[PDB]
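Undergrad: If you want the building blocks of each chain, they are given just below.
2 protein chains.
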Amino acid sequence: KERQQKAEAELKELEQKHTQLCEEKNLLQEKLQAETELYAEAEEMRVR
Amino acid sequence: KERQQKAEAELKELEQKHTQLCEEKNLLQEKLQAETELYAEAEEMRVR
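Protein sequences, first through last, are from chains A and B. With PDB author numbering applied, the first sequence covers 871 to 918. With PDB author numbering applied, the second sequence covers 871 to 918.
I should point out that these hints are in silico values taken from the structure, not numbers from a laboratory. Be aware that a few hints might be false.
Covered by chain B, according to a simulated footprint, are these stretches of chain A (three or more residues, beta-carbon under 8 Å) [claimed, not checked]:
#: 1; segment: 872-882
#: 2; segment: 893-900
Derived pair list, reagent style EDC-like, types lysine to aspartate or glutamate, alpha-carbon separation capped at 20 Å [to be verified]:
#: 3; chain 1: B; residue 1: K882; chain 2: B; residue 2: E872
#: 4; chain 1: B; residue 1: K901; chain 2: A; residue 2: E911
#: 5; chain 1: B; residue 1: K887; chain 2: A; residue 2: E894
#: 6; chain 1: A; residue 1: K901; chain 2: A; residue 2: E913
#: 7; chain 1: B; residue 1: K895; chain 2: B; residue 2: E885
#: 8; chain 1: A; residue 1: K895; chain 2: B; residue 2: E893
#: 9; chain 1: A; residue 1: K871; chain 2: B; residue 2: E872
#: 10; chain 1: B; residue 1: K895; chain 2: A; residue 2: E911
Beta carbons are placed, not taken as given, at the ideal position from N, Cα and C, and that holds for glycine.
Taking the hints into account, I'd like the entire structure generated from these sequences.
TA: Listed below in structure tokens is the structure:
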């Protein structure tokens, strides 16, 4: 039972880093969008 | 045996998730540095 308790604790750690994965995916979408927007604005400003 | 191999699979998942988190953080820092430098140069040339 202590062995399955350790396994369940690792499972809670898995859930916590699953939430971390979701946060990091949202962060990745946001940062990629920001980079693309700034690159487009950069193209327009170098045309200017 | 089943519990320990399941725990090892969970540990591999933990390592993969943490590696993905670290890689996305590195992408974050490099592209944010790029964003800051682009903003600075854009404002400089814009006022010019």
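Undergrad: All hints, please: hold or fail.
TA: Now the hints, each set against the structure:
no., hint, in the structure
1, 872-882, "holds (count 6)"
2, 893-900, "holds (count 3)"
3, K882(B) / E872(B), "holds (15 Å)"
4, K901(B) / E911(A), "holds (15 Å)"
5, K887(B) / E894(A), "holds (10 Å)"
6, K901(A) / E913(A), "holds (18 Å)"
7, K895(B) / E885(B), "holds (15 Å)"
8, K895(A) / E893(B), "holds (12 Å)"
9, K871(A) / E872(B), "holds (14 Å)"
10, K895(B) / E911(A), "violated (24 Å)"
Hint compliance for this structure: hint 10 alone is broken.
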